[PDB]
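> Go ahead and model the full structure; you've got the sequences and the hints to work with.
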Amino acid sequence: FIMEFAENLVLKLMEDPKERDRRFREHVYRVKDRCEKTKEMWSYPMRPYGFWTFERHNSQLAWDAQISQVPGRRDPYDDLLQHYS
Amino acid sequence: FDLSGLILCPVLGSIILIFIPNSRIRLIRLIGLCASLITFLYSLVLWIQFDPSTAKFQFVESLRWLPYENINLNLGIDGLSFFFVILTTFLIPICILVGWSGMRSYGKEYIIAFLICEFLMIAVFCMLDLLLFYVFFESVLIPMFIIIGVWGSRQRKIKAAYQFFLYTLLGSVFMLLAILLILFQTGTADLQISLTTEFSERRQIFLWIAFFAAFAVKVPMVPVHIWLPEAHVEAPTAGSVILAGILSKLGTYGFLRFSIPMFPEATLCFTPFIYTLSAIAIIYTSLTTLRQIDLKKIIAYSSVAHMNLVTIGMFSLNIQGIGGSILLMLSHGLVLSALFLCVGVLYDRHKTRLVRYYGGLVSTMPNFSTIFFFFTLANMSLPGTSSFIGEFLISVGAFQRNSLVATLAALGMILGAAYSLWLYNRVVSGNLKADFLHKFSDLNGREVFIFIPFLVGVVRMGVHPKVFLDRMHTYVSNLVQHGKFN
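Sequence lines, in order, name chains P1 and 4M.
If you're matching positions, the first sequence starts at 3 in the deposited numbering and goes up one per residue.
If you're matching positions, the second sequence starts at 10 in the deposited numbering and goes up one per residue.
Think of the hints as simulated: they come from the structure by calculation, not from any bench.
Note that CB positions come from ideal geometry on N, CA and C, so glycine has one too.
Listed next, the in silico BS3-like pairs over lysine-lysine satisfying Cα-Cα at most 27 Å (straight line): (1) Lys65 (chain 4M) with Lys20 (chain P1); (2) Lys475 (chain 4M) with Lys14 (chain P1); (3) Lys34 (chain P1) with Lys65 (chain 4M); (4) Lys448 (chain 4M) with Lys360 (chain 4M); (5) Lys448 (chain 4M) with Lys306 (chain 4M); (6) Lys306 (chain 4M) with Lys360 (chain 4M); (7) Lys14 (chain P1) with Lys65 (chain 4M); (8) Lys65 (chain 4M) with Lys39 (chain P1); (9) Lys493 (chain 4M) with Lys34 (chain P1); (10) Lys65 (chain 4M) with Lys493 (chain 4M); (11) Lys168 (chain 4M) with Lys306 (chain 4M); (12) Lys475 (chain 4M) with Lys65 (chain 4M); (13) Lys442 (chain 4M) with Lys306 (chain 4M).
Here are some chain 4M residues the structure puts well away from chain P1; computed CB gaps all over 12 Å: (14) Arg113; (15) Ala426; (16) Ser438.
Okay, the calculated beta carbon distance ranges per label pair: (17) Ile57 (chain 4M) with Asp23 (chain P1): 20 to 28 Å; (18) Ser209 (chain 4M) with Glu38 (chain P1): 18 to 26 Å; (19) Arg49 (chain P1) with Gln194 (chain 4M): 17 to 25 Å; (20) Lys41 (chain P1) with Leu464 (chain 4M): 51 to 59 Å; (21) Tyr77 (chain 4M) with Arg76 (chain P1): 48 to 56 Å; (22) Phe26 (chain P1) with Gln194 (chain 4M): 17 to 25 Å; (23) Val476 (chain 4M) with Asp35 (chain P1): 33 to 41 Å.
Written out as structure tokens, the structure reads:
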């Protein structure tokens, strides 16, 4: 009965071939999906397309529109007309 | 019973030794030996649960190293790496057992370095990720260099360590370039995807060239073998055992795993190149082993010749050739370890390596003479030994592939039966030189026990190689069948 117990213990050891194959397939599919995702992540250029339209990059326009009435940068005719009216 | 547990066993013992005072040398030795033996038994339990039927990697474990870029840590075995894992795990406790007598002078750093090396070896052989495999591949460089430099016999240890480090670093660096190129091309470093993805013929040629350079630094070929004899000569006996039976086998493992199946067309294109390199290396290295004066140099050049036989046996892309290559890898690890242990015993007794001083050791060391004769026979590849099994299977594959290179490799039989016999006769046979050596002692209990597993392993793998052969036929068949679909 010692050999029978040893065989049962060895069978309790090892791994289920069905579970091993399923895990292998799942792991390979996951790696393939993630690697194509990382390749498309790397494919993007460093300079974005819309960077010239971004609000953060176009920060001078708002400030200068706010500050356009300061005497240091006024159009002379604007000052003339505001004096006239 | 998992590979992560196998990797973590040396770590716990290493930490325990790090946090123990150096004055408790008995405790340090006992704990290191216990950790090594526990890891060996754990690896054996992993052996009694290995499935030789499937071709998939058996105990696949996934850990999150980098969630992006697909460099997650994958731990797995398939049948080829497995016997190397067992070999390293078995050979580590032998290294601690060797320095048992004078371990206080060595200190706990010796055992800590060897345990860290064991950790690195298990990590290398249990890996399904190319980048992490390279990481540990080059990690093994630290402990061996430190061992050679710190515990070398004489001042040439500095030059030997420098040569070893520089050669291995250059090879590893070119391999790193190739691996990063593969990563950028494929999007992942996973072994399964790298095997199932194509490469351009020019890209295959360049990547294979880089990998071949990296691995040929490890496995000694014609131009890059000169660093190995000096490294063995200047390293301690345990360091020589490790460097002979572990690191070269690492190199040939990496080559066989990542070069042959990944780049089939490149391997076919470069197959005559490695055949001629291996034949030239075998003949030249055996002939230069014949005219040598240092024991460590003799066994180191024998290592070079047999490793070149291994690499001549892999591109014989058939079951016989590849199985013989793997079997002779294991057998040569055992035989090199045993021969370097014998030379280390001789050096520890009488602090010299030249064979001019030695002679007539039958009358004073009969057990050592018997052990040395058996292991010189194993190096010679006498029938009924594991080295013979590997060599004959390699020659069968080489004759099925290319008769000329098979004959050139078989010419190594005559030369290997020459220097082995002549060295054994010089050292053991003859009359005592009482003027040079006049006090002698035979092998003691510790050394005799150390030699016991080597004899049993060699005899079992030679007389009945069925277990080792059947544990890898599936992987060998799948590896040869990888390129084709017919």
